[PDB]
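Assemble the whole structure, with the sequences as input and the hints as a guide.
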Amino acid sequence: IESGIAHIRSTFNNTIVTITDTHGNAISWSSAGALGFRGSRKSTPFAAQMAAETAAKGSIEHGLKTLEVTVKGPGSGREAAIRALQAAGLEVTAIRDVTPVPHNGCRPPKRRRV
Amino acid sequence: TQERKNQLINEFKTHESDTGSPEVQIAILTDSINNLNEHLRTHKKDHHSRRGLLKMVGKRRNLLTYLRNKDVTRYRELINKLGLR
Amino acid sequence: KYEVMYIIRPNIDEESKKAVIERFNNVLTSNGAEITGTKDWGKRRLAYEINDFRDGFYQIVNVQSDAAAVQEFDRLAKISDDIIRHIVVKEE
Amino acid sequence: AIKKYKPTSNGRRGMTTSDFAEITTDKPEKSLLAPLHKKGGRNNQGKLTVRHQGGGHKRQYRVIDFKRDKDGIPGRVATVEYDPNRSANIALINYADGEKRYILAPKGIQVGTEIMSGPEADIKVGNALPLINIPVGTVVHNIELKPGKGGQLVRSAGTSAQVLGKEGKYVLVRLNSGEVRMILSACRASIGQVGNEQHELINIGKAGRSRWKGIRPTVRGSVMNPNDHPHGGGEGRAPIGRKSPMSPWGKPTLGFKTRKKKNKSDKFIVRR
Amino acid sequence: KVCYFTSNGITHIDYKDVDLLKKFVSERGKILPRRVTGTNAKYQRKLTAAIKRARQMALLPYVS
RNA sequence: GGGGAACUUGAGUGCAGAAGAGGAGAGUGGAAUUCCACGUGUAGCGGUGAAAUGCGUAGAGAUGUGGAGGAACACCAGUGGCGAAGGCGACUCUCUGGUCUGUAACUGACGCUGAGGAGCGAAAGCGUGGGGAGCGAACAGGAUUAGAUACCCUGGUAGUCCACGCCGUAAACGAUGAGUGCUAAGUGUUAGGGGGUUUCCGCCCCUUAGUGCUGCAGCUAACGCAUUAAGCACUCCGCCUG
RNA sequence: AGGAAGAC
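Protein chains in written order, with the authors' numbering: chain K, 18 to 131; chain O, 4 to 88; chain F, 3 to 94; chain Z, 2 to 273; chain R, 14 to 77.
Read the hints as simulated data drawn from the structure, not as lab findings.
There may be inaccurate statements among the hints.
Stated by the list, open to error - Just some of the chain F residues that point at chain Z, by a computed CB distance under 10 Å: (1) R77; (2) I81; (3) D83.
Claimed, not checked - Calculated pairs, DSS-like style, for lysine-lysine (alpha carbon to alpha carbon, straight line, at most 25 Å): (4) Z:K108 with O:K47; (5) O:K48 with Z:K108; (6) R:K65 with F:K41.
All C-beta atoms, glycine included, are put in the ideal place defined by N, C-alpha and C.
In structure tokens:
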């Protein structure tokens, strides 16, 4: 177990990370909610930085050393997450901006000010 | 494609080389109204084609009443040949 | 004037491959529409995944028709279990 | 194709009927007729078991091919005519051998078209093929449970099934009531929706016209006595007094799933 | 700021030119805009019809 | 004005070309959302200005697969196109309505407008039979507030989708009726035609038919309009009189 | 695009 996928997802409200094998096999996971933040601090890239930190500790605990990372959703923890993952003793090889883009699909929910 | 138009043109052709002369035009639009009328009988709920049909019906009626005013004999032989009322 | 492109799946031995292209050429020519040409590209790697096949055979048949043989080909082609894809093109 | 009757009496006030447009003749074949008599819900003992039945206008059974055993022989649809036993109407077809058979007329079949029933037959409306030959997704009626028994599954007027993909020795079929079910791939099933399509949209009209089909009056249990129904009795306009509304016999009737729980066909069923 | 098709004086797209359509499509799978590529508007409409035909016949990718 | 006989510009026809999300039917395709089953996988997910209701140790969310079904067609996409108006954007086919350019081969005033009449006519609504993924009036729970039948959160029925009918309304808007003709310019864009060293790329000048933006005379009570008039006229229609 | 807040 040497190589893997880092599925990072950063919403406006939360940031959740899964370390996975390439063939769909998850090792461990964490989030700001997993680390204890309950309020608006979940959205902060700093909480995303600790989430990526403890994901990297779980990754080293199983034993893989090289990654490529896929990011989902619009958020703020992009640079902090990838820099924590690369500076936590791991290697990153590729960055993927995998966000689900419908052509139109179903209609989006309503506005916030009606 | 476009042989029925040719055969009606030289059939209702009264001068040697005319393509105006409203008998030719009434013949052409009677064929066109019949073709489009069969099309609407297939597709009943097409409406823009019906608008085109009503426009050609108006064109044919105005040409017919002009032909009535100009010469009633040619109008009578045309309506007896075409068979529309 | 119809240029027709169809994709045959690659799990076909070449005997039955010429059998099925002769079958569909017979479908085109049995309704009074002679073929005006043909071209076999061979096997190419498709841009995305259809069912299990990353790749497949491309055939092009150029027909002059009275617009019955193309949709007879269409119904037989998408009712067949061995032709992956087909479109017809009316050339202008 | 539903002919409303203008109200001239109070019986015909809300009546509709079919137009019988597609039916082409009014004389069935004298070699494919079999006698029937009504039974009225009676039994081999003679007791009544089925309530609300018997008394209608008499009819005569037309023997109808459900098996489609004639493989390799093209037939011609001679007539489409009215069968009183079934909600669909049937088609007499003449095979090229010389004999004649009765099949169920599918949707959109016309007089004089060919019918080819083999396992090598192409897919047009009215052909019968085995389910390993029928492609995915096609509308399919007259499905067999067991090979050679006869078409049982989807047989009434205007009802058709879909094929949700082959699996091997078995084939997945979506029947009416949205019900996915596995049928062996040797079962010969016909192709096309069944061709009356309008039997639902008929207002009967009088009580007499429901009587002519052999339907007796249906009595609530609320107006019966206590020893004739669990609901009966009460000092006038009783509600359902019991919890769990009941059959006339001692079993509840709303929501009580009456299928046996250890049924041998539960391994072949996917959804419900 | 120059059109390829009016530059070389070519007739219609001849829709099986997979390399030509692959050069005009972006690397993700998006059809390039007119303000970037520089073709005329008529040829842009013909190009996008060709590209959508190729996308359905699985010659050019949708996403990557 | 009524009549007879000439003429081709108004108006049509032919011939040679061009563009189009114009319409109706059948078929096909991919990305997403939901649901179901399985593998990995631990303890939270979601949500807002904090929150909480909800879902989750009966294994959620994430994650990799494979099916089911519905809706809408990202970039292309453009103060761009087409349509009388409403409106029309995935692709292919069958049928079909128009529009524009050029010609001068035709008929020779066939023209404009149009009360009543007939026909279309966004969305919502109604009847019958289907379908129901997402969104979601009604309705319920959680907040906030003095109350909060509301905004905000979690669900969610009718509806939105298809076929057959109906009602006939919108800030149905250019808040500008239709038709025809004259009246300074500049500059883009769409579809053409013609000329100057080319059948090469482009460069210029006429030329229509749209579609914009500035800007004279002129009009307006000002804003503003201004060859796409709200200018100067002629015809017909509709409508107003605190 | 970054709080609910009445009356004279």
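Going through the hints against the structure:
1. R77: holds (9 Å)
2. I81: At 6 Å from the nearest chain Z Cβ, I81 of chain F passes the 10 Å test, so the hint holds.
3. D83: The hint holds - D83 of chain F has a Cβ within 10 Å of chain Z, the shortest such distance being about 7 Å.
4. Z:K108 with O:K47: Given that 25 Å is the threshold and the Cα spacing comes to 22 Å, the pair holds.
5. O:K48 with Z:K108: holds (23 Å)
6. R:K65 with F:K41: holds (22 Å)
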